[PDB]
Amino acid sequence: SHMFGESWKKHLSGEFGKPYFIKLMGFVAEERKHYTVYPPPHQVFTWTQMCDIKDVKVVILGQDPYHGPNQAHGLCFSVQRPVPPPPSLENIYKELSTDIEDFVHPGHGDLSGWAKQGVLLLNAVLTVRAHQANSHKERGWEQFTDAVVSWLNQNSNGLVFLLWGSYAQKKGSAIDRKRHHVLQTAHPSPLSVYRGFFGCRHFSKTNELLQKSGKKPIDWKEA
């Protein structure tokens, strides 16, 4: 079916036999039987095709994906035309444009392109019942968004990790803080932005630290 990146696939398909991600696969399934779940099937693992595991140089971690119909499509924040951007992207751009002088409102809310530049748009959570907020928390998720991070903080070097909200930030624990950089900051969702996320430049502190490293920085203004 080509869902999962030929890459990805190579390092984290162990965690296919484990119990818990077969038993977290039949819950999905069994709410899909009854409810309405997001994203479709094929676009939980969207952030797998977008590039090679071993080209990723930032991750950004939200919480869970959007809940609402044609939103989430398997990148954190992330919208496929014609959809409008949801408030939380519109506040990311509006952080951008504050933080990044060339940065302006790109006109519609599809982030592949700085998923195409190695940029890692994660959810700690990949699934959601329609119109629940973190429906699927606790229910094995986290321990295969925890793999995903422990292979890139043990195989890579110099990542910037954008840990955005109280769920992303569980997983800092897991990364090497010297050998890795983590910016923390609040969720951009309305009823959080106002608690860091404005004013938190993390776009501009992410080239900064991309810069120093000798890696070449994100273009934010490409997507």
The other form holds:
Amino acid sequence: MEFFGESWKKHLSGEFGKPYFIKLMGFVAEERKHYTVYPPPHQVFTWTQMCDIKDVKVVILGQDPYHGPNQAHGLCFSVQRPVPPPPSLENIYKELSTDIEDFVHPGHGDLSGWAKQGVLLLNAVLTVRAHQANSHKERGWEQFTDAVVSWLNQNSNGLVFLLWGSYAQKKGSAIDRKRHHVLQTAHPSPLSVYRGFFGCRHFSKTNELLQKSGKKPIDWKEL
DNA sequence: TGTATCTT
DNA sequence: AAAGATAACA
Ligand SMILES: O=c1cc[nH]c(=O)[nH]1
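Next, give the form solved in complex with ligand URA, keeping in mind that what was shown is the form deposited without ligand URA.
Every component of the complex follows; first up is the chain already shown.
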């Protein structure tokens, strides 16, 4: 057992020996020697430990991890107990409450329950320097996460990609819009939420598009 | 202070 | 690229 889930390591292995990835890991390690980097080393790839790669039905793509202490744990927008849901997640829960009739605030912020159902909780960038949002962008993470999205685009059919925010939206051109469903809206952060996130209804829409492809819907309350 | 996105 | 401007709030 390790950082990468079995199936994900098998299909993403070709990236490890590539110059951009070797250099990206070197940079992250060098940042960790001078600064505090989120999430810790063992939780950078938690998004690979929740379900098998070919069991992925939905993909929620965010910007980068949370930049405050004990927040980011490798699943986009998630926080493990007893850490309270950060501003972005409180907004996600509010949208979920107006979108899904049965959804109520779960009293915690751990999104592992969605991830176990086949919802890939990925960020365009997988690490961040403490207190500095998007500090690790354009260092190599985008090419790695492009490889993840590309693999899913090529080897699967009828996936629902939820691209939240400008940076997450850059991956739109890596997805075949006729073979997969791409839903795009503003980032749930208070600084952008009013630009389309509130009222986007991505959760009910995902479940409707899944049932049209003959797949089982996501129980958003299973947390 | 702190939690995006468009403009210059 | 990076910083200013804009923008919404317990
Ligand atoms: O994981 C996270 C947290 C905040 N914002 C994101 O885009 N992703």
